[PDB]
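This document opens with one chain alone, in structure tokens, the form deposited without the partner chain.
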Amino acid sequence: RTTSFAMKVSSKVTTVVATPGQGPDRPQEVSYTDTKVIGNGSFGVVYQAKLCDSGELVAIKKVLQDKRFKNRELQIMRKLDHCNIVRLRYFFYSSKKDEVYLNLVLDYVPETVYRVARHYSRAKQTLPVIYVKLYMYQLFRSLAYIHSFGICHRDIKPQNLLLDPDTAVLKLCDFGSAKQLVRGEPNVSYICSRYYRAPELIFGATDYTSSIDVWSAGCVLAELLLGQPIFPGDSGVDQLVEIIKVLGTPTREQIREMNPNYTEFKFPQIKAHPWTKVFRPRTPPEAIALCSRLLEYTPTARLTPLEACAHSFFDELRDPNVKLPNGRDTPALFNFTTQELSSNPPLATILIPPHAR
């Protein structure tokens, strides 16, 4: 849910003095028009607009700046520059009364993983594995990038995964819950959206790590393969029941890794449900394999985002002769920087095929 505790009208042309996202504070006049509401979450209202100069479509996220909570959203986005993270072009502030709104001017991205998946669920079809591979691979790259800074998104879900269906590019967004997790400082338990919360979070752990994002991504992967969320339920208990009904009852050791405060409860022993019986019979084995290595009870047992990219499920993307169903060519997949590969540099042998040099 929530986080931790503590314009000139000149078409109808709006002109503001907004500060750019990258570099030092050097604000400039920005004019835009054709403003209309396009999306909303639980916190921010998102507008679309056209920049008067370039004519480029943008998205303007307008969030109320409450001083009762910790708003790292602007602070975090400004330090991020990755091809699988939505770019922050400019930001500015605007004003019932005595209220300050933060405005984030972002690149406009037309679709989300959620909306696309909803299409296939309505049509009683499954998203082609190529797109599953593509979307998930770009997601893990974004996670690898922000984790290298120690930043944890803490709200990985399909509604937060913007898509450009033409170019098949995924961009992570919504850093309203993100935080740089410091080993030693506690965090808020009730974080992340339902269906995608890590088991340790559900148990109320306050000493979790960035591996919660990996769990969420496993939930997304599973959802893409299934056509529905794998761990639904309104309450934490409901969701945990669903998890156990698939992964089997967590061992005392696994419980200790999540939250030591539950090690002495006698939980009924439920036999785990085989992953191959979970998904459709046409489901690729490596997808199933990847899921099981993401959806682990023990946080440290889960793959790292970089390791996940190196998984053999994404081997098709490393093929030099792979293309998009619409005919276009694959997006940027192998332009890894030293920062992205910081957690495990030798993975570059796998991540970067010889035909990408």
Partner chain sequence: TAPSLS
Given for the second form:
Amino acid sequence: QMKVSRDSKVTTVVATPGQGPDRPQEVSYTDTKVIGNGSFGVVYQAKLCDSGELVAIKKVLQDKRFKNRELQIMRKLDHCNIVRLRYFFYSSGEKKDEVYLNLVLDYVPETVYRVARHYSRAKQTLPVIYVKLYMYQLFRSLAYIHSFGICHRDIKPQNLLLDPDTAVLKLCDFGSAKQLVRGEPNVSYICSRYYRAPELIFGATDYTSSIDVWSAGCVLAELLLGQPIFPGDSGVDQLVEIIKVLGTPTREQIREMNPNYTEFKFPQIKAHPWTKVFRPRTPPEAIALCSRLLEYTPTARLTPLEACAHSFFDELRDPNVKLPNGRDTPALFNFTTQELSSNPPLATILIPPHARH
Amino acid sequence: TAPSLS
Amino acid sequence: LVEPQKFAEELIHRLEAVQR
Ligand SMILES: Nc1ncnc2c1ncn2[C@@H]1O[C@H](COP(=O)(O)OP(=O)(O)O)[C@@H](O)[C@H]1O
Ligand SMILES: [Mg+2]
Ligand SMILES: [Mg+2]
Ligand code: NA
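Starting from the form deposited without the partner chain above, please write out the structure of the form solved in complex with the partner chain.
After this comes the whole thing, all chains and molecules, with the earlier chain placed first.
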């Protein structure tokens, strides 16, 4: 479809709204410029003509060789820590005759990665209140997508959008996400380096949603250290880094990750205590949280909802907590029945008494 | 990092 | 994927070198 006009160049398409039944409407935008780039996405910024609001437009080739679940997964998602899909449409694009999907998302200016990179260049540590706020909101988005059976499979600091004025975090980049069905196998070399769970590095095809929890544990540890905790160009390199921290996995832990490795005689490396991994001033509660996330056995990792109930986030449940810029914290306690379905009795902890209003 | 074959 | 024999051989060789 598409068309050009003048207001600045105005683009008009017939786009389908992200929510509700399929009822496309004319949508006009202007002020187009290329902003972000990923391994698959090419994100434009634009300004909607009606409301003046800023949006991001991820334009992705619709490769029919691969499973393109991204639109179908995003359409069912509505949560305050997941970037909203306002509209989508199809356009002819640039590759002669080819099919390009356009996702019109809420525009969010920063990522956890770019914020953490400022502190590393300045040799400061990200203040712990932000580690708490950012990690808490991440786990809350994971509890939401996992309650639908959906695994993100690309959790990493570049995929976490921040509005740093409000400290609101939004998960994005669902182009690797999948609805994991037990008994059906999954492609194994998924997730980005530094954030791959050990069962994935061992080539497991029968993994679960808890790979996202391992990835979240790597983000947390990175935020606390100021650099990735398991760097490495290859799978062996990263597994060495994991083993130099957690120790050599037992035979039973190897069986939980991938039974095809249980008969090899790996050298037994002693674990490095978590208190020595991190800086001497690191809060003990963050270390305890990190050690219950970065676990070899996938069923022994915290679920995302259980992570939100952790004592590390206790300061967020104070009525008197304020952000460093003076504004109050974002909404943290408006849990639905859907995202509590994992374990409903955690509402006793997760909604503190001053927020039942 | 990429999704599954169809 | 990767053959489990070849991956484990590489990992074993790496783990022997860092073993304190
Ligand atoms: N809603 C958004 N607002 C602003 N920037 C975004 C938004 N979505 C993505 N971006 C930027 O573009 C990058 C790539 O987008 P993403 O959806 O992660 O595509 P890819 O699958 O190629 O990684 C992100 O890391 C982010 O910095
Ligand atoms: Mg990305
Ligand atoms: Mg992606
Ligand atoms: Na900040």
